[PDB]
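Number of protein chains: 4
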Amino acid sequence: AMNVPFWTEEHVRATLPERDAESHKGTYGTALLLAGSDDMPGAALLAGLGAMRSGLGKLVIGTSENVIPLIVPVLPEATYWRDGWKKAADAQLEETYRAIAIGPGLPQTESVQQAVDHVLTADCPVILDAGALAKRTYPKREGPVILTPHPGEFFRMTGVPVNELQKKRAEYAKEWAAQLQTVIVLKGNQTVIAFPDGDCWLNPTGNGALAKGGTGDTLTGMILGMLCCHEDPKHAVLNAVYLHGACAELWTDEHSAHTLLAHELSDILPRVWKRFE
Amino acid sequence: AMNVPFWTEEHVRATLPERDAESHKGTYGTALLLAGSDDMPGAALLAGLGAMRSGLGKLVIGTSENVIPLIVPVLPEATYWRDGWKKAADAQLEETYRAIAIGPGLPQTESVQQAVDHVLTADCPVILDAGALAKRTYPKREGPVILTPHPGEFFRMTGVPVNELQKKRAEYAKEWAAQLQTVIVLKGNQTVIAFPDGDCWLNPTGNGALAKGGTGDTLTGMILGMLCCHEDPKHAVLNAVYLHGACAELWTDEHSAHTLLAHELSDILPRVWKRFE
Amino acid sequence: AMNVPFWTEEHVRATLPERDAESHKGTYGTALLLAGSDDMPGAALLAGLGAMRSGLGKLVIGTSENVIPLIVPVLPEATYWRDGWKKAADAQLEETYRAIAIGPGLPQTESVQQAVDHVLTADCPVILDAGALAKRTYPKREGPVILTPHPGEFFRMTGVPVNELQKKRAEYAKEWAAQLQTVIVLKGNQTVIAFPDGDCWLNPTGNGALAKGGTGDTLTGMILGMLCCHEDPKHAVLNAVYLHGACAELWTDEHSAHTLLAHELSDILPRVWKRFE
Amino acid sequence: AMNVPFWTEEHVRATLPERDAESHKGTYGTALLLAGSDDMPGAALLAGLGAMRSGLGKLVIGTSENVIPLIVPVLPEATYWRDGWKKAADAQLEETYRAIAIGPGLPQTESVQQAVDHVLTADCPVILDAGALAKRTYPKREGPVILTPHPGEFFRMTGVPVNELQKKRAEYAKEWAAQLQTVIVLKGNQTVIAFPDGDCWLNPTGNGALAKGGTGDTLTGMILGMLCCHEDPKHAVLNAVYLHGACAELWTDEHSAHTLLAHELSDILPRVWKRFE
Ligand SMILES: Nc1ncnc2c1ncn2[C@@H]1O[C@H](COP(=O)(O)O)[C@@H](O)[C@H]1O
Ligand SMILES: Nc1ncnc2c1ncn2[C@@H]1O[C@H](COP(=O)(O)O)[C@@H](O)[C@H]1O
Ligand SMILES: Nc1ncnc2c1ncn2[C@@H]1O[C@H](COP(=O)(O)O)[C@@H](O)[C@H]1O
Ligand SMILES: Nc1ncnc2c1ncn2[C@@H]1O[C@H](COP(=O)(O)O)[C@@H](O)[C@H]1O
Ligand SMILES: Nc1ncnc2c1ncn2[C@@H]1O[C@H](COP(=O)(O)O)[C@@H](O)[C@H]1O
Ligand SMILES: Nc1ncnc2c1ncn2[C@@H]1O[C@H](COP(=O)(O)O)[C@@H](O)[C@H]1O
Ligand SMILES: Nc1ncnc2c1ncn2[C@@H]1O[C@H](COP(=O)(O)O)[C@@H](O)[C@H]1O
Ligand SMILES: Nc1ncnc2c1ncn2[C@@H]1O[C@H](COP(=O)(O)O)[C@@H](O)[C@H]1O
Ligand SMILES: [Mg+2]
Ligand SMILES: [Mg+2]
Ligand SMILES: [Mg+2]
Ligand SMILES: [Mg+2]
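If you read the protein sequences in the order shown, they are chains W, Z, F and Y. Just so it is clear: in the first sequence, position 267 is 290 by our numbering, and no numbers are missing. Just so it is clear: in the second sequence, position 260 is 283 by our numbering, and no numbers are missing. Just so it is clear: in the third sequence, position 210 is 233 by our numbering, and no numbers are missing. Just so it is clear: in the fourth sequence, position 118 is 141 by our numbering, and no numbers are missing.
Hints may contain errors.
One copy or two, it doesn't matter: identical chains are merged, so the pair holds either way.
Stated by the list, open to error - Here are the simulated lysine-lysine pairs, DSBU-like style, with alpha carbons at most 35 Å apart: (1) 109 to 190; (2) 297 to 48; (3) 48 to 191; (4) 191 to 110; (5) 190 to 48; (6) 190 to 110; (7) 297 to 110; (8) 109 to 297; (9) 257 to 48; (10) 190 to 163; (11) 163 to 297; (12) 191 to 109; (13) 163 to 257; (14) 110 to 163; (15) 110 to 158; (16) 163 to 191; (17) 109 to 48.
Rather than coming from a laboratory, the hints here were simulated on the basis of the structure.
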């Protein structure tokens, strides 16, 4: 209705970063992932794999103590801030991060919001997902704040009922990105990426293989890692959404769309990303 | 003897569901898996992988507390109801599920039967396997009850000795599906799928690679997931049994039948299912 | 020197079992693996994978309590006898097994020998490896006892120094198989399989990729599983040793011999075994 | 500037060891890896996989008690010295090792230095990495001491600021290898391998896929294993650095350089090493 353009293959190709010969892990920064709780542990593994696959230099995972041992055998490249998401409720971060994500696998509690308020005093891009998404406003700060709601979460944030939202997705996503002054990645078929300066794009990739638990956790991690290796955080968000969907499309070439498990998106991304270089 | 027809490739092709572009995890429902105990933990991983591979939207695994950490690194897409199978002994479920399975890796105790009685007050299809199979009767309810005995379990349920059962498998499975008013998936070479309205089919797929611990746990999960994405639960049961056997047949093309491990059925299913689309 | 014959491809082909359409896990029996301790846990995973890959019907792993959780995510098809190897020191087994192995990852203690004495009152083939190998004698019983020493272990059992043993491997292995009335699988390049009735064979397969920790643990499991699916336990031992070596030979076609990890033998066996059918 | 030569493919080919038919795990020695702590557990898995992939006979991992269970399911071929890195602070090793590595995933503490001092009284090559790297001197001993700093660690060791170091890498690495009488593997693009007898080489392999957490942990393990199977420890160091980089180059043929995870280097090495035989 607003003729929102698609972020196309050519846009992805033009904006994906190089990984120069003369670079080291510091060049690509340290990200912080605040995710995973005792009854929702998996989201931390899913977002952690997503992030480390996506071009960062180092990853610190601030997860609940009992979730740590579940990540290590799969992702021994991550290090930990023990009970990090809980500790972030109590004080500003003393360490500097290139980008921060909070929420996958976290409960929708006031303590999580206290951690959000603390993380937002850092000077870096911050992603809020899942349990960190609430009806609230956001402080003026330098770095972008990126919200990644599915339509149910968007209802929670805005009071716009899902059946109404789905009739005018880009109109609502844009209106709320403007009002909140946050980026909004409104998930679904033709995911909307709405920027608070009024730029808006639709994502052309993806399919129903993604319509299963965990896929958004992987996405959150992909955005996190891409924020570390892209100079322009807009490109990081857009490329992450695009490549996430493209991994599902590769899967369905030889596998049924009913059978994908989220973590496999991370396994597919290395070859998919290569195709866009 | 009763000329029971085979559920054929063409039946599978005609009844497997689509996964539409305009769908999300809610479209494919949330299943509940009540499985896995401290000395039989593996069944929960096997049924959990089977279920998430088979087209559901979300999976909640109600397993013993100490089994949880053993599933997460392999299946980070599942969430948990801590000690769920034990808690189900005490009260009706307050959450709504698209389908429920109970029994793989559970002991054959009265407490498991109490959980069965509670789960049966939900309005959804329910699968009973392994430890949940007992000599008993079933309350009138809307959703189908699907029993998945091997011949030893069928003896436990009915008093029909295995050596007699094996002479007239479909006759006994049909008689007991009618008497109990449950679906009976009577396992073995030429698995019988007997419906309580008198429909009955034989499964043409599978081989001796399946004659090893855990394969039925994987099957239970496959039925669970297929109940979530098929409109007709009869088709879900039939397709699950068929595709389970077909995965073993793919394995034996290049691998010895002596060497299959149950979890690999789940790894094979993505490509096998694609062939039937 | 004694012109001991090789167990050849044609011998393997002639003696490997079928896995009939009309069979179930009971047909292929339940094995018991008594293995793995707190500072040597890995041997239980290695022997467990080896066994379940090798044609048994069910596997019960009697391992230390804290080792259980380390096996489950890799081998969810196994079930457990909690602290089984320790409990076997106290009483005869009340359950019937098709075959038993004891020792991989167990300490060389008197308590392990007490478990050995108890396991030997069962009527089935029994394999002793690693910590279960000691200087001792064996009671008259129906089922074969199969010892799987490397030359260091053979010295421990016999007092024959390794440098002397290696000069006349088959002569010593035969002499001691006769004296003890046990099968002796004397490991190394050209493994000797000596039977207490005086039959003796050399194994023609294998290479230096096997000269690394854990490979014998995998072998012990392979023998265990093959004892369950072969009618003649001599063939089970011989085929296991042969196929174990053949998996290393397949590895070295495209991978360096320096780089094999024991568990990968188990991953290779499905395709290798197929070649001999 | 000093015209330091590259260690080339032809050098690697000429110096990689054989793995003879008549060999066993003792031929290739037992290594000790002192690595992994509660908030940095992954380094032990990464270095452990690296080491066992690289031609040793046995590996003992002296890691913190709670890290053990995280390694076993991935690397069941390793055995353990429980809390080994901590115990090494208290006394000389009573066991003989072919080579020792200390530091990956260890904190930069005085207790780690006490363990270093004890390990150095053994008569074998010793690698110091990560937490074991400090500003210090080294006792006269037979076996080489091999330091594996990245430029940040080199600053910690020497006071040479990174921006100055990077202008004259080989000059500084050589000067400090001479002064300390240690081997220095100065990491980065064109890694410098400086020997204390004044030999020095540059590594021609590798790319930005390596510029991510954990890759140096894998390298430390590769050096450790190669020290066990090479007669000349200089060749072991040089070959390890070379093959490590070559694995990254193989990865980038079909996968994006942004997406490599360190543990995958270990998965690639078997085929890469084969190419140089
Ligand atoms: N190749 C390199 N060149 C320059 N600095 C480096 C290099 N590798 C690591 N560093 C520095 O050391 C830090 C990493 O320390 P660590 O994570 O403790 O191993 C980086 O953030 C850089 O500041
Ligand atoms: N049918 C579909 N087509 C394309 N993308 C989808 C579809 N269903 C779900 N997704 C994506 O899967 C993810 C779901 O996020 P979440 O609900 O947080 O797991 C988002 O990236 C969605 O845009
Ligand atoms: N693409 C979508 N369109 C409409 N509703 C959705 C979509 N994705 C998620 N939801 C809603 O939110 C619920 C999932 O919430 P959660 O499992 O907490 O992430 C679903 O059951 C739906 O009711
Ligand atoms: N020989 C065989 N041919 C076909 N299917 C088999 C065979 N042996 C076992 N199965 C199947 O393997 C599963 C065994 O279930 P369970 O005993 O619960 O593990 C069922 O789906 C059986 O029908
Ligand atoms: N296809 C089958 N035909 C006959 N008996 C079976 C079959 N599958 C399982 N059983 C019996 O039930 C036992 C397995 O029980 P469980 O291990 O408790 O699932 C087997 O040892 C058999 O005695
Ligand atoms: N160089 C070699 N050639 C053939 N087989 C070997 C070689 N080195 C070791 N093995 C085998 O590897 C296993 C070692 O057993 P263990 O010492 O118990 O791990 C046995 O099956 C040996 O025969
Ligand atoms: N094929 C073989 N030939 C000679 N000695 C061996 C062989 N395999 C193992 N050993 C000896 O036994 C030791 C291994 O014992 P273990 O690690 O306890 O299994 C080796 O270090 C050797 O001294
Ligand atoms: N851009 C690059 N080119 C080649 N090697 C690299 C590059 N970045 C990092 N490395 C290597 O990756 C490892 C990093 O070690 P560490 O910082 O200890 O993880 C070392 O082997 C470095 O030489
Ligand atoms: Mg989500
Ligand atoms: Mg069963
Ligand atoms: Mg051994
Ligand atoms: Mg390092």
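Consistency of the hints with the structure:
1. Taking the shortest alpha-carbon separations for residue 109 and residue 190, neither the intra-copy value of 38 Å nor the inter-copy value of 43 Å comes in at or below 35 Å.
2. Taking identical chains as interchangeable, the C-alpha atoms of residue 297 and residue 48 lie at most 35 Å apart whether they share a chain (20 Å) or sit on different chains (29 Å).
3. Within a single copy, residue 48 and residue 191 get their C-alpha atoms only as close as 42 Å, which misses the 35 Å cut-off; across copies the closest is 20 Å, which meets it.
4. With identical chains, the CA atoms of residue 191 and residue 110 are never at most 35 Å apart, being 39 Å at best within one copy and 43 Å at best between copies.
5. For the homomeric pair residue 190 and residue 48, the shortest alpha-carbon distance between copies (19 Å) is at most 35 Å, but the shortest distance inside one copy (44 Å) is not.
6. When the C-alpha separation of residue 190 and residue 110 is checked against a cutoff of 35 Å, the pair qualifies neither within a copy, at 41 Å, nor between copies, at 41 Å.
7. In this assembly of identical chains, the alpha carbons of residue 297 and residue 110 never lie at most 35 Å apart, being 38 Å within a copy and 46 Å across copies at closest.
8. For the homomeric pair residue 109 and residue 297, neither the shortest alpha-carbon distance inside one copy (37 Å) nor that between copies (44 Å) is at most 35 Å.
9. In the homo-oligomer, the alpha carbons of residue 257 and residue 48 lie at most 35 Å apart both inside one protomer (22 Å) and across protomers (27 Å), since each shortest distance falls under that limit.
10. Within a single copy, residue 190 and residue 163 get their C-alpha atoms as close as 31 Å, which meets the 35 Å cut-off; across copies the closest is 41 Å, which misses it.
11. Neither within a single protomer nor between protomers do residue 163 and residue 297 lie at most 35 Å apart by alpha-carbon distance, with minima of 37 Å and 50 Å respectively.
12. In this assembly of identical chains, residue 191 and residue 109 lie within 35 Å of each other by CA distance neither inside one copy nor across copies; the values are 37 Å within and 45 Å between.
13. In the homo-oligomer, the alpha carbons of residue 163 and residue 257 lie at most 35 Å apart inside one protomer (18 Å), although the nearest pairing across protomers, at 57 Å, exceeds that limit.
14. For the homomeric pair residue 110 and residue 163, the shortest alpha-carbon distance inside one copy (23 Å) is at most 35 Å, but the shortest distance between copies (47 Å) is not.
15. In the homo-oligomer, the alpha carbons of residue 110 and residue 158 lie at most 35 Å apart both inside one protomer (23 Å) and across protomers (33 Å), since each shortest distance falls under that limit.
16. In this homomeric assembly, residue 163 and residue 191 come within 35 Å of each other (Cα to Cα) only inside a single copy, at 28 Å, whereas the closest approach across copies is 45 Å.
17. Taking the shortest alpha-carbon separations for residue 109 and residue 48, both the intra-copy value of 27 Å and the inter-copy value of 29 Å come in at or below 35 Å.
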